[PDB]
Amino acid sequence: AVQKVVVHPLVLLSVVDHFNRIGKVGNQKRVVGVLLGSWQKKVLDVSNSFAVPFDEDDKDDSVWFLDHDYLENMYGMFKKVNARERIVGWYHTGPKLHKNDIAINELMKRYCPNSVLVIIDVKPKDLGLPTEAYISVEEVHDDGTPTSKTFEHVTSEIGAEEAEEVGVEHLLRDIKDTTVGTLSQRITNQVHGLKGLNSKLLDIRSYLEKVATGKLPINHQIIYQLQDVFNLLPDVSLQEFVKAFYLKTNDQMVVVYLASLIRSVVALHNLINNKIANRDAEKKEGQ
Amino acid sequence: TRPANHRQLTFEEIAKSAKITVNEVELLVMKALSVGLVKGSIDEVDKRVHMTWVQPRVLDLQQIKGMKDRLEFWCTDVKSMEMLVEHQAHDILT
Amino acid sequence: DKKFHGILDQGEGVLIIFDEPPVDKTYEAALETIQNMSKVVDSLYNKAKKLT
Amino acid sequence: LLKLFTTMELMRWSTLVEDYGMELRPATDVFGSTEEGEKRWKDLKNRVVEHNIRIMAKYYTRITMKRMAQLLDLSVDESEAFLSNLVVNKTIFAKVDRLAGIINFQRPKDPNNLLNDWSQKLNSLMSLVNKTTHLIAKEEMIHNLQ
Amino acid sequence: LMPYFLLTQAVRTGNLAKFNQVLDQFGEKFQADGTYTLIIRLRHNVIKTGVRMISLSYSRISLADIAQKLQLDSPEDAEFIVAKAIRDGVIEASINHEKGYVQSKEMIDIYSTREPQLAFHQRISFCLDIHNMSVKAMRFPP
Amino acid sequence: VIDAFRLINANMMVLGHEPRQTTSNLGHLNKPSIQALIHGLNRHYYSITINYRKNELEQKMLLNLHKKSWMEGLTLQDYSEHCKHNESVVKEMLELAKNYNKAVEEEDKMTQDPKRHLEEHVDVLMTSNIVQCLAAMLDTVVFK
Numbered sequence: 005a006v007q008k009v010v011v012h013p014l015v016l017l018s019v020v021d022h023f024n025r026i027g028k029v030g031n032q033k034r035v036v037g038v039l040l041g042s043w044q045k046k047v048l049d050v051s052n053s054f055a056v057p058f059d060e061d062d063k064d065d066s067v068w069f070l071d072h073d074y075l076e077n078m079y080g081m082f083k084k085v086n087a088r089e090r091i092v093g094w095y096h097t098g099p100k101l102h103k104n105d106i107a108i109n110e111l112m113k114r115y116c117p118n119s120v121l122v123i124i125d126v127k128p129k130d131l132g133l134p135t136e137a138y139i140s141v142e143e144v145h146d147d148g149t150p151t152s153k154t155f156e157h158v159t160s161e162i163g164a165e166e167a168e169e170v171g172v173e174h175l176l177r178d179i180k181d182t183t184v185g186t187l188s189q190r191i192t193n194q195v196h197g198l199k200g201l202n203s204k205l206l207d208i209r210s211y212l213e214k215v216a217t218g219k220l221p222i223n224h225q226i227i228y229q230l231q232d233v234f235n236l237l238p239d240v241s242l243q244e245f246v247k248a249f250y251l252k253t254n255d256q257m258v259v260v261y262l263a264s265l266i267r268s269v270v271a272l273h274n275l276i277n278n279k280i281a282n283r284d285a286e287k288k289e290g291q
Numbered sequence: 283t284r285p286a287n288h289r290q291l292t293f294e295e296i297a298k299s300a301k302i303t304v305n306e307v308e309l310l311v312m313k314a315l316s317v318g319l320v321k322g323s324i325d326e327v328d329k330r331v332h333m334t335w336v337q338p339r340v341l342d343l344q345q346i347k348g349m350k351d352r353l354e355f356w357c358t359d360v361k362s363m364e365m366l367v368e369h370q371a372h373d374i375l376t
Numbered sequence: 371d372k373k374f375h376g377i378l379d380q381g382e383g384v385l386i387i388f389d390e391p392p393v394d395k396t397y398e399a400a401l402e403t404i405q406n407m408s409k410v411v412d413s414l415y416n417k418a419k420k421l422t
Numbered sequence: 305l306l307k308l309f310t311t312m313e314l315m316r317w318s319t320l321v322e323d324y325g326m327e328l329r336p337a338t339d340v341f342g343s344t345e346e347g348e349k350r351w352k353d354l355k356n357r358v359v360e361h362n363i364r365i366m367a368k369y370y371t372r373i374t375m376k377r378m379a380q381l382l383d384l385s386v387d388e389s390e391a392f393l394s395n396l397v398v399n400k401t402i403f404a405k406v407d408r409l410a411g412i413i414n415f416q417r418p419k420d421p422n423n424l425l426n427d428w429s430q431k432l433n434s435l436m437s438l439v440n441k442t443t444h445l446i447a448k449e450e451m452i453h454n455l456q
Numbered sequence: 357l358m359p360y361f362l363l364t365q366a367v368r369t370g371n372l373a374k375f376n377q378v379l380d381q382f383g384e385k386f387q388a389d390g391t392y393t394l395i396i397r398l399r400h401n402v403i404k405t406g407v408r409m410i411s412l413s414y415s416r417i418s419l420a421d422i423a424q425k426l427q428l429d430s431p432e433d434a435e436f437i438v439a440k441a442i443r444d445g446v447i448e449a450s451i452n453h454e455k456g457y458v459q460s461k462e463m464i465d466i467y468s469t470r471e472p473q474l475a476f477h478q479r480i481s482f483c484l485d486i487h488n489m490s491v492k493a494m495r496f497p498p
Numbered sequence: 156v157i158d159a160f161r162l163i164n165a166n167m168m169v170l171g172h173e174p175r176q177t178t179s180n181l182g183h184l185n186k187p188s189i190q191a192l193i194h195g196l197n198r199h200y201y202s203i204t205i206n207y208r209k210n211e212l213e214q215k216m217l218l219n220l221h222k223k224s225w226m227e228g229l230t231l232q233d234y235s236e237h238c239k240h241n242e243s244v245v246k247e248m249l250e251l252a253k254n255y256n257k258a259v260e261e262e263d264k265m266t278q279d280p281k282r283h284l285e286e287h288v289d290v291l292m293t294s295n296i297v298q299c300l301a302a303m304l305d306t307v308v309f310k
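For the protein sequence lines, the chains are Z, a, X, W, V and c, in the order given.
Per PDB author numbering, the first sequence starts with residue 5, numbered consecutively.
Per PDB author numbering, the second sequence starts with residue 283, numbered consecutively.
Per PDB author numbering, the third sequence starts with residue 371, numbered consecutively.
Residues 305 to 329, 336 to 456 (PDB author numbering) make up the fourth sequence, in order.
Per PDB author numbering, the fifth sequence starts with residue 357, numbered consecutively.
Residues 156 to 266, 278 to 310 (PDB author numbering) make up the sixth sequence, in order.
Read the hints as simulated data drawn from the structure, not as lab findings.
By construction, the Cβ of each residue, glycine as well, lies at the ideal position given by its N, Cα and C atoms.
Check before you lean on any hint, since a few could be wrong.
Pairs of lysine-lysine, BS3-like flavour, derived with a Cα cap of 30 Å [stated by the list, open to error]:
{"no.": "1", "chain 1": "W", "residue 1": "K441", "chain 2": "W", "residue 2": "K431"}
{"no.": "2", "chain 1": "Z", "residue 1": "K214", "chain 2": "Z", "residue 2": "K33"}
{"no.": "3", "chain 1": "Z", "residue 1": "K33", "chain 2": "c", "residue 2": "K281"}
{"no.": "4", "chain 1": "Z", "residue 1": "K279", "chain 2": "X", "residue 2": "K395"}
{"no.": "5", "chain 1": "W", "residue 1": "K431", "chain 2": "X", "residue 2": "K395"}
{"no.": "6", "chain 1": "Z", "residue 1": "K214", "chain 2": "a", "residue 2": "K301"}
{"no.": "7", "chain 1": "Z", "residue 1": "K46", "chain 2": "W", "residue 2": "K431"}
{"no.": "8", "chain 1": "a", "residue 1": "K347", "chain 2": "Z", "residue 2": "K100"}
{"no.": "9", "chain 1": "Z", "residue 1": "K100", "chain 2": "c", "residue 2": "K281"}
{"no.": "10", "chain 1": "Z", "residue 1": "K180", "chain 2": "Z", "residue 2": "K153"}
{"no.": "11", "chain 1": "Z", "residue 1": "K113", "chain 2": "W", "residue 2": "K431"}
{"no.": "12", "chain 1": "Z", "residue 1": "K113", "chain 2": "W", "residue 2": "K368"}
{"no.": "13", "chain 1": "Z", "residue 1": "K247", "chain 2": "Z", "residue 2": "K127"}
{"no.": "14", "chain 1": "X", "residue 1": "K420", "chain 2": "c", "residue 2": "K215"}
{"no.": "15", "chain 1": "Z", "residue 1": "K288", "chain 2": "V", "residue 2": "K385"}
Here are a few chain X residues that sit away from chain W, every Cβ distance over 12 Å (derived from the structure) [what the hints assert, rightly or not]:
{"no.": "16", "residue": "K373"}
{"no.": "17", "residue": "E382"}
{"no.": "18", "residue": "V384"}
{"no.": "19", "residue": "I386"}
{"no.": "20", "residue": "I387"}
{"no.": "21", "residue": "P391"}
{"no.": "22", "residue": "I404"}
{"no.": "23", "residue": "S413"}
{"no.": "24", "residue": "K420"}
{"no.": "25", "residue": "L421"}
{"no.": "26", "residue": "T422"}
From the derived model, a few chain W residues whose C-beta atoms are all more than 12 Å from chain X [stated by the list, open to error]:
{"no.": "27", "residue": "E388"}
{"no.": "28", "residue": "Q430"}
{"no.": "29", "residue": "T443"}
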């Protein structure tokens with residue numbers, strides 16, 4: 005398997021352009037293509053992508069026309085243009101999976117053993133990254149339950165080469181934020197972090213309510229992970245922690261107090277200089 | 283069953299649990315630690331055991347409902363403090 | 371003479387040995403900086419109270 | 305014997321001698343009792359004691375000297391001498407309050423270290439909840455399709 | 357201030373005779389300035405200062421010892437005086453009449469608590485206010 | 156550094172009519188590089204202004220590159236490294252304060279860089295310390 009996948013801004017923009025292109029030329033529920041990258045240990049780096057013609061029935065959910073001939077032709081073309089890139093996965097712009105995704109992944113695994121599916125949400129979210137990485141693993145469930153071929157989440161990240169990075173910075177210079185910690189921005193960052201934590205807790209809570217009422221089955225792995233969460237919750241009422249926390253707060257605040265004292269002294273010196281300059285100027289103007 | 287807030291367990295209450303006198307709860311906890319099920323420490327000076335890990339196991343619907351209630355409380359606290367902080371710093375948020 | 375970090379007790383007859391945490395250098399540097407700013411304030415007096 | 309000395313559990317010397325004393329009752339060393347140069351039995355006893363010390367230091371924070379002695383199968387003073395020798399050799403860390411016999415393996419707790427541990431717990435919690443929300447998104451986002 | 361130097365010496369010594377003689381000698385300045393009500397409230401706080409020092413340089417002193425050291429008539433009188441010291445908050449100490457001794461507040465290492473935070477908070481707010489006032493008073497005549 | 160170019164016609168150049176009409180104040184507003192001037196920025200060809208069609212969706216998806224996760228936002232900087240950095244900065248600030256006093260005293264007696283460096287150091291100290299303290303409180307009363 006593969007432990008991490010890092011997508012590139014070029015891939016992101018190609019996917020967005022493909023989806024917008026298909027939507028402009030006609031309403032559709034999804035758009036599909038292939039992902040070219042390179043392997044360095046179990047850290048896939050999706051450095052490029054390209055669309056492929058694709059349509060499916062929304063009702064039967066079992067009929068679709070991915071074009072393998074198109075796929076192989078353009079893969080060979082991109083191989084000619086640039087060598088060190090090989091089929092590593094496929095992407096689709098679907099907010100939800102479908103009963104076809106497994107069949108299309110079966111089709112792709114012929115081209116790649118460790119083919120990675122990537123769901124790219126052209127709709128801009130606000131909390132997490134727009135790309136989700138999945139891999140199809142089928143095995144005899146040690147849980148003793150019937151085994152069904154299904155995907156598995158793969159850690160995803162966004163990373164760029166120096167080329168794409170300079171390009172994106174030049175594009176974003178208008179709204180790009182300071183690449184340095186300014187107090188107001190840090191406070192806003194904490195607020196945004198609280199937003200994200202609240203949203204994640206709400207999602208987990210909704211799933212737990214669904215399971216408790218019974219609309220869904222129970223995932224032992226999910227229960228295990230939430231057990232680990234609740235068990236990993238810290239305890240902040242312990243005296244041997246309260247004392248240490250007070251000590252560190254006092255240290256930080258003594259540093260802050262010294263800083264403020266220096267800043268006030270400098271401000272007073274500046275005001276003294278301004279008063280002297282103003283009086284000298286007025287005296288000279290009068291005489 | 284014991285939450286992280288007061289996760290400290292005592293020799294006496296373990297004895298009131300599965301029938302054993304309090305001279306071998308130490309060995310029982312030792313076997314658990316060794317086989318790699320629970321993690322923590324044993325303070326027999328005060329006759330207590332501190333746990334900070336438990337091998338997760340499949341659970342029941344009532345247990346999941348209680349866990350849902352706990353997460354209700356946690357999420358409510360998170361939202362409350364988020365509102366507090368944003369309201370307080372409203373004049374510096376970018 | 372500070373040969374080892376411990377304090378006696380001639381009552382129960384004990385020698386409480388331990389490790390003394392290193393002196394926090396931050397409060398040091400802060401104290402000398404406070405002294406420097408005090409003498410800077412003296413200079414600001416000498417400027418203002420005599421030129422105004 | 306090898307399984308016991310490779311497993312992470314305390315084995316009482318009394319039980320081990322009432323189990324595996326067959327040696328020399336077979337093999338060529340560690341005699342149960344023999345000529346002086348080959349009565350290493352005492353060395354084996356010391357090895358059992360040292361293994362017990364290691365296990366206790368790994369799985370305790372405050373073990374009273376009485377309990378430590380009655381668990382190690384040595385007098386209180388003998389255990390004190392052995393533990394002091396280990397501490398001097400630097401093999402084990404253990405601070406002995408002999409006023410109340412409160413042998414403690416808890417290394418002094420720096421506030422830096424305590425808050426770093428708390429922050430690490432928080433980071434692990436956040437990563438775990440993020441991964442769980444991803445997995446649960448996939449779970450519901452597949453099954454509710456049915 | 358020499359008359360007040362004499363008064364301070366008399367109070368520190370705790371000598372009522374010296375207090376009375378200095379009061380009689382320097383009553384003139386006492387109308388000149390105005391302290392009589394305060395100067396009898398003095399005698400009050402003379403005994404108060406005695407008890408405050410007795411509690412300052414001790415941790416578990418007994419009522420009998422307090423009476424002996426303050427020359428108070430009775431241990432019950434000393435008990436009343438220490439209770440009034442509690443009123444004034446000038447000893448900040450407990451007491452136990454079951455055995456008859458005045459225990460003191462168990463002194464705590466005051467750095468793992470919010471007192472340093474509060475002090476630094478007041479000083480930081482003051483420094484910020486000075487900076488604000490300075491940068492506002494910065495003026496340009498044009 | 157990107158450029159767009161198109162050629163000029165020899166017949167028009169010889170006729171003298173300018174290679175490209177100028178009906179609006181646009182198109183200009185750009186300083187042509189001396190390199191291109193030498194290589195014929197006007198004798199043989201002419202430059203064209205380059206605009207970028209930055210859609211809002213593409214801008215968002217680009218932002219996603221360095222967008223910071225809520226983990227990063229709400230995490231705590233290591234306390235040991237934090238204390239070490241605080242000490243480094245405080246000692247440098249002490250030295251700068253000594254130099255600042257020397258400068259101000261000599262200025263007053265006779266009648278700056280130390281002040282600027284002192285301001286920078288005080289600002290960094292204040293921001294880092296306040297940020298970490300606030301994050302610590304947020305965490306300690308959000309996670310329990």
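Okay, the hints, checked on the actual structure:
1. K441(W) to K431(W): 15 Å, holds
2. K214(Z) to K33(Z): 27 Å, holds
3. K33(Z) to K281(c): 62 Å, violated
4. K279(Z) to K395(X): 38 Å, violated
5. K431(W) to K395(X): 29 Å, holds
6. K214(Z) to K301(a): Given pair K214(Z), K301(a) is violated - Cα atoms ~39 Å apart, limit 30 Å.
7. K46(Z) to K431(W): 26 Å, holds
8. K347(a) to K100(Z): With a Cα-Cα distance of about 28 Å, the restraint between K347(a) and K100(Z) holds, given a limit of 30 Å.
9. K100(Z) to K281(c): Not OK: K100(Z) and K281(c) at ~58 Å, beyond 30 Å, violated.
10. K180(Z) to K153(Z): With a Cα-Cα distance of about 43 Å, the restraint between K180(Z) and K153(Z) is violated, given a limit of 30 Å.
11. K113(Z) to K431(W): Violated. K113(Z) to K431(W) sits at ~39 Å, over the 30 Å cutoff.
12. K113(Z) to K368(W): Violated. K113(Z) to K368(W) sits at ~48 Å, over the 30 Å cutoff.
13. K247(Z) to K127(Z): 47 Å, violated
14. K420(X) to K215(c): 60 Å, violated
15. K288(Z) to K385(V): Distance ~54 Å between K288(Z) and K385(V) Cα, so the pair is violated.
16. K373: The claim stands: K373(X) keeps its Cβ more than 12 Å from every Cβ of chain W (closest is about 18 Å).
17. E382: 7 Å, violated
18. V384: 6 Å, violated
19. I386: For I386(X), whose nearest Cβ neighbour in chain W is about 9 Å away, the distance does not exceed 12 Å, so it is violated.
20. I387: Violated, because the least Cβ-Cβ distance between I387(X) and chain W comes to about 9 Å, which does not exceed 12 Å.
21. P391: Its Cβ does come within 12 Å of chain W, the nearest being 8 Å, so this is violated.
22. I404: At about 24 Å from chain W, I404(X) clears the 12 Å cut-off, so the statement holds.
23. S413: About 38 Å separates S413(X) from the closest Cβ of chain W, which puts it past 12 Å; holds.
24. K420: 48 Å, holds
25. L421: Its Cβ never comes within 12 Å of chain W, the nearest being 49 Å, so this holds.
26. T422: It holds; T422(X) is separated from chain W by about 49 Å at its closest Cβ, greater than 12 Å.
27. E388: 23 Å, holds
28. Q430: 22 Å, holds
29. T443: 40 Å, holds
Violated hints for the displayed structure, listed by number in ascending order: 3, 4, 6, 9, 10, 11, 12, 13, 14, 15, 17, 18, 19, 20, 21.
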